[PDB]
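Each chain, written out:
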Amino acid sequence: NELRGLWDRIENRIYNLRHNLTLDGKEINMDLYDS
Amino acid sequence: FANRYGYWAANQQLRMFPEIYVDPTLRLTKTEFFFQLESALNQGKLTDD
Amino acid sequence: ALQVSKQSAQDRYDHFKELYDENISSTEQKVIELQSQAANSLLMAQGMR
Amino acid sequence: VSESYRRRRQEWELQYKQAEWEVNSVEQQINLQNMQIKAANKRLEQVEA
Amino acid sequence: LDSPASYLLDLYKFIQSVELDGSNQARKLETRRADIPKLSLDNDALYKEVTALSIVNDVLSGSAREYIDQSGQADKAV
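The listed protein sequences correspond, in order, to chains A, B, C, D and E. Using PDB author numbering, you'd call the opening residue of the first sequence number 2795 and step up by one each time. Using PDB author numbering, you'd call the opening residue of the second sequence number 2099 and step up by one each time. Using PDB author numbering, you'd call the opening residue of the third sequence number 2927 and step up by one each time. Using PDB author numbering, you'd call the opening residue of the fourth sequence number 3024 and step up by one each time. Using PDB author numbering, you'd call the opening residue of the fifth sequence number 156 and step up by one each time.
Rather than coming from a laboratory, the hints here were simulated on the basis of the structure. There's no promise every hint is true.
As the list claims (entries may be wrong) - Cut-off 30 Å, straight-line C-alpha distance, at most; resulting in silico cross-link-like pairs (DSSO-like, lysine-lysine):
1) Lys2943/C - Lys3040/D
2) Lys2932/C - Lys3040/D
3) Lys183/E - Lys168/E
4) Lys193/E - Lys183/E
5) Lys2143/B - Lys2956/C
6) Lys2143/B - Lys3040/D
7) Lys2128/B - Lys2956/C
8) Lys2143/B - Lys2943/C
9) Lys2932/C - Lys2943/C
10) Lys168/E - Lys193/E
11) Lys2128/B - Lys2143/B
12) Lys2820/A - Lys2943/C
13) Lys2943/C - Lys2956/C
14) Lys2932/C - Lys2820/A
Unchecked claim - Rough simulated footprint, nothing fancy, chain C against chain D, three-plus residues with beta-carbon under 8 Å:
15) 3033 to 3043
16) 3046 to 3053
The beta-carbon is built from N, C-alpha and C at its ideal position, and this holds for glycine as well.
The shape of chain A in the complex, shown without the other chains:
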C-alpha cells in the first residue's frame, strides 16, 4: 500500500509545482476588488 500512496503523492506534488503559483495556497493573486 505504501508504493501506491507514494507514487500518487509525487504525482500530486508535481501537479502543484507545475502550476507553481499556489504553493498549495494562493501566493500571487489575492485581495483584488472591482466595480
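Given chain A, put chains B, C, D and E in place with the hints provided.
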C-alpha cells in the same frame, strides 16, 4: 473480532506486505551488544562525524 | 473580509489534534526508564556485607 | 534536552504563521477605505449641484 | 485481496461449522429469522444502500401480517 474495522484487514496485510512489518525495532535478543551501538547515537542533534 | 477572518480561528483550532493526541513519543519514554531502572537499589550494595 | 529542543521550534512556528496571516487579514481593511473616500467625494458634489 | 465481503465471509463460513444438534433453539431461531448469503441485488450496491430506519419495518411486520393467513382467520383484508 473484539474491535473490528481496519483492525480485521490488518490480520492479513501485516503478514502479506513484509515491508510494513520490517523496522529496526525488532524482538532483539542481542541486548549484550546492540545497546553499545545506540548509547553513542543517543544524542539530540548530531553530525556526520 | 468575514471569509478572510475565519482562518484566524480555524488555523488556531485545526493544528491542535497534533497536541491533544500524540502527546508522547519514544524518546521521552526513555527519559523515564533510565530513572525508574534504579529499582536495583535493593541489590546495588549487598556484596559489601 | 533532545526532546526539549524538538518541542521549542513549534512555539515560534505557530507565532510567525499566525502573524503572517494577520498581515494578510489587515490588507482587506485598508482596501475597504477606498469606498468611503469615493462616497465622501460623490457626497460633496451634490450640495454644489 | 481484502474487502467488506472477506470480513463478512470469515464470520459466515465460521458460524456454519458450530455444529451441536438436538432440541436446541440456536439454528431454529436463526433460520426463522431468515436471510441468506445472497440476500438481494449485488455487493456493489453499497453506496446506494444508505437508508433510514424504514429498512427494519418489513423485517418485523412482513412476517407478522401473515398471522391471519396462517391461522386462516382472514385474507381479503389488506
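Do the hints match the structure? See the list:
| no. | hint | result |
| --- | --- | --- |
| 1 | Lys2943/C - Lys3040/D | 18 Å, holds |
| 2 | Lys2932/C - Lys3040/D | 15 Å, holds |
| 3 | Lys183/E - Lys168/E | 18 Å, holds |
| 4 | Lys193/E - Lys183/E | 20 Å, holds |
| 5 | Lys2143/B - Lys2956/C | 17 Å, holds |
| 6 | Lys2143/B - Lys3040/D | 25 Å, holds |
| 7 | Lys2128/B - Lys2956/C | 19 Å, holds |
| 8 | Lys2143/B - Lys2943/C | 26 Å, holds |
| 9 | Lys2932/C - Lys2943/C | 18 Å, holds |
| 10 | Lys168/E - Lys193/E | 14 Å, holds |
| 11 | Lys2128/B - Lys2143/B | 26 Å, holds |
| 12 | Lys2820/A - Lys2943/C | 25 Å, holds |
| 13 | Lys2943/C - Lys2956/C | 24 Å, holds |
| 14 | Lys2932/C - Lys2820/A | 16 Å, holds |
| 15 | 3033 to 3043 | holds (count 3) |
| 16 | 3046 to 3053 | holds (count 4) |
Of the hints listed earlier, there is not a single one the structure fails to meet.
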